[PDB]
Amino acid sequence: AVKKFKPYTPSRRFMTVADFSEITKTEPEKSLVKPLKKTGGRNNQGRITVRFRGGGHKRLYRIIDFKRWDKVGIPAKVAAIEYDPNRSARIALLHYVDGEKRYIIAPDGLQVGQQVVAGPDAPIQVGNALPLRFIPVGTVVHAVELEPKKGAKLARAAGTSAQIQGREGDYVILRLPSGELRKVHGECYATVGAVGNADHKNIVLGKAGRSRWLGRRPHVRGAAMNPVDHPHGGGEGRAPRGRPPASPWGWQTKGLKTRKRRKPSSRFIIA
Amino acid sequence: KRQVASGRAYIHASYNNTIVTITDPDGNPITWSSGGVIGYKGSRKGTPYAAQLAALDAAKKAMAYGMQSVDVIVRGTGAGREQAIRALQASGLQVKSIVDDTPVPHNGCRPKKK
Amino acid sequence: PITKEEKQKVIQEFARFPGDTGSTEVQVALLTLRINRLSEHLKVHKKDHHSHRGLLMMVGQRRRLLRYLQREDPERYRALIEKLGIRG
Amino acid sequence: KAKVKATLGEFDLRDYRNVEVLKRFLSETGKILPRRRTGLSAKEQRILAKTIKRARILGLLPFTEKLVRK
Amino acid sequence: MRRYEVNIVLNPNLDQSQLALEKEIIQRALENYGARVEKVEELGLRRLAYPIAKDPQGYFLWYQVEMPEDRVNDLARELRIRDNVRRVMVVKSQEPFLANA
RNA sequence: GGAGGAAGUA
RNA sequence: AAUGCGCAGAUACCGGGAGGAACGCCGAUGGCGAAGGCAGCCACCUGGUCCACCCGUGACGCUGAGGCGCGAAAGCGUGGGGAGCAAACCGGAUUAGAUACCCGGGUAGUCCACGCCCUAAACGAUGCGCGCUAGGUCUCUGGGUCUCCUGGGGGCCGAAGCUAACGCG
Ligand SMILES: [Mg+2]
Ligand SMILES: [Mg+2]
Ligand SMILES: [Mg+2]
Ligand SMILES: [Mg+2]
Ligand SMILES: [Mg+2]
Ligand SMILES: [Mg+2]
Ligand SMILES: [Mg+2]
Ligand SMILES: [Mg+2]
Ligand SMILES: [Mg+2]
Ligand SMILES: [Mg+2]
Ligand SMILES: [Mg+2]
Ligand SMILES: [Mg+2]
Ligand SMILES: [Mg+2]
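Residue numbers (the authors' numbering), protein chains in the order written: chain AL02, 2 to 272; chain AS11, 11 to 124; chain AS15, 2 to 89; chain AS18, 19 to 88; chain AS06, 1 to 101.
Just so you know, these hints were derived from the structure itself, not from any lab. Just so you know, not all the hints are guaranteed correct.
Calculated pairs, PhoX-like style, for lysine-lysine (alpha carbon to alpha carbon, straight line, at most 20 Å) [unchecked claim]: (1) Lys-68 (chain AS18) to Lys-23 (chain AS18); (2) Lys-54 (chain AS06) to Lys-68 (chain AS18); (3) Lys-23 (chain AS18) to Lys-41 (chain AS18); (4) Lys-261 (chain AL02) to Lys-7 (chain AL02); (5) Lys-23 (chain AS06) to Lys-71 (chain AS18); (6) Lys-106 (chain AS11) to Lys-71 (chain AS18).
Could you build all of it, start to finish, from the sequences and the hints given here?
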């Protein structure tokens, strides 16, 4: 589900590109309340917070709906499968019989014109969103509210899924793409299905621009820096990480459970 | 956990030992004994004699709570099989069920080279 | 799959005189139905390499009667090829 | 110790429900009795197990009754 | 458009409201799939051998129908969801066979 | 009678 | 026996839950396919063969160099899955030593989708097709008013004949 090329150049011997055998012939985003303005790659003091970021391309945001609890009992029709450059998945422009138009992450096996509805009484066909106290066990499900009525904050990149392992009181057991089993409320809205574009990990960027075209600048490595900048200030030659593998600010990056320990959320997890 | 009189037993006879235990009609266990807890070790653990001695240690501390008649659910295939039953069929606690639940599969889990 | 109507509808449209249930004209146009119907099977079940063999038998079987017609009567050959569009 | 087969009358062996016509095809544990114990024929047994297994799915028949007194 | 036999087992610990709520969930389904309802052998509860959903009792149902094959296996998809239902099996019209004739 | 599916060491 | 596990609560138990592979009896000496191979149940699609009906075509048949397709297990590439088993690796023990058989762990792999190698004790070490040459005997599968006749298969002794024999029949 990718498009390799022929080696008329270097780079484009191995580069692969994604599947558009499912995007609705389209290009234009219905410039309603959807497209917004953009920004850049540091902070509010002008000091690079996350390093090795910038450049890239002009992108336009697409207002995605994660709060699928404001259109309960008001069905909707999937209209179109669109590209979004701000997420690994694609998006879906879907039409509501109300006359409204909105956006949802694109799940698997999602067809066009296919009824899709939010609500506790909605069916299990992929696309529909509802609380988890209602979604049965062993169900592929994505876009989860961690806490009720905050928005989908779990499982929403390409190909990601999540099962349902069983109910416990007003709380539900969830398996995330990581591998944690977390207590989440049962009244947290999640949509059913597995996110689309499960082939994103299979792509190949082939060259160096495709790094730069995606904002991700080139990543210099510590063994080349000077001990003013990095611990591993590889002085003479490719001398080694003179113990022990670490980060520009000093903390080792080899197996340091950096997660907080005296944290309330730890009560709700089983790693 | 509670001091009762009715109960249930349990036997597990490996090719090399015969660990046995006992409990109540519920599931809460109280006592157990083995070819080691009798005192033997090594390949002597699989000697039916030793196995016959294991149920004895089990036969006691049950009575040390006040049992009367118990149930016997065997689970295994070795040679400490009957030597616990005969040890348990005649010990002081009459039986009401000579059950066998030896775990026989349906050819699912491929075994070691043995 | 195959119904009765799928049979005689073809047959009477080829039975070169009524009563003809099986002639080299009919045989082909009765295999050629299954072939054209069986090939669109092996399109989805592309891994059924166990049914793919009988087709080559079915095809190669049909390979021979056309070699009988074209041998004996030229005139009935292409006059049957044009009816179903066969062999290219 | 005899067999069965003729013990029963006109029973539809393709009927995956008349359990009272089957629970004596099961030995004292659930294991289907073999042809050598049911007088059946070749075809007769095959058609039977396919229903025995069927009937075993609807919750009617067991797979392993525990073995009492050996 | 062939004749199949459907089989439906159901929880017992429920009232004839639910117990009849679900029965229509069956009925107004075969219509949505186009089944010629021929009979029904609502034999009823049976005390199962082994437990299913750790319950040994189940309300049995039955439905010999004549539905198309071009819409069959997708059916139990609509059936095997209702967690009140936890045992479904569909079997072709096995036409009867002689024994001890 | 033929046929099918328990040894320590140079 | 030891490595190993185990006072930090195991081995055995009861309740709950997760996750994978593979289907006990039936099951056999049986069936199916060209071979490789194929074993829970249900269903959708699908190939091959066989029996009777006295209907049709009327030699259209057989083999088949080259070609094309399939092809156990192992191995490979890319993504997964991974309960059990387990090459390589480590330790325990036997030993004259043990780079092994016995044991404690254990990665790849065995599982799934796609695309490759295409190899063999691929063996019935028996190419396919047809005709004729005694029988007896259990069995799988059709048919026919039936411990009877007939068609297709798998086993078992054996007529004549063949072989160096074993043996085939
Ligand atoms: Mg380049
Ligand atoms: Mg920054
Ligand atoms: Mg860059
Ligand atoms: Mg870079
Ligand atoms: Mg670098
Ligand atoms: Mg430098
Ligand atoms: Mg192992
Ligand atoms: Mg039937
Ligand atoms: Mg019958
Ligand atoms: Mg211990
Ligand atoms: Mg390796
Ligand atoms: Mg390769
Ligand atoms: Mg002659």
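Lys-261 (chain AL02) paired with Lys-7 (chain AL02) [C-alpha distance capped at 20 Å]: violated, 49 Å
Need the status of pair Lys-106 (chain AS11), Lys-71 (chain AS18): alpha-carbon distance at most 20 Å? violated, 33 Å
Hinted pair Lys-54 (chain AS06) and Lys-68 (chain AS18), Cα distance within 20 Å: Given pair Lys-54 (chain AS06), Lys-68 (chain AS18) is violated - Cα atoms ~26 Å apart, limit 20 Å.
Does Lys-23 (chain AS18) pair with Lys-41 (chain AS18) here, judged by a C-alpha cut-off of 20 Å? holds, 13 Å
Are the Cα atoms of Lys-23 (chain AS06) and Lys-71 (chain AS18) separated by 20 Å or less? violated, 26 Å
Straight-line Cα separation of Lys-68 (chain AS18) and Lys-23 (chain AS18) no greater than 20 Å? With a Cα-Cα distance of about 17 Å, the restraint between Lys-68 (chain AS18) and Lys-23 (chain AS18) holds, given a limit of 20 Å.
When the structure is compared with the earlier hints, violations turn up for hints 2, 4, 5, 6 and for no others.
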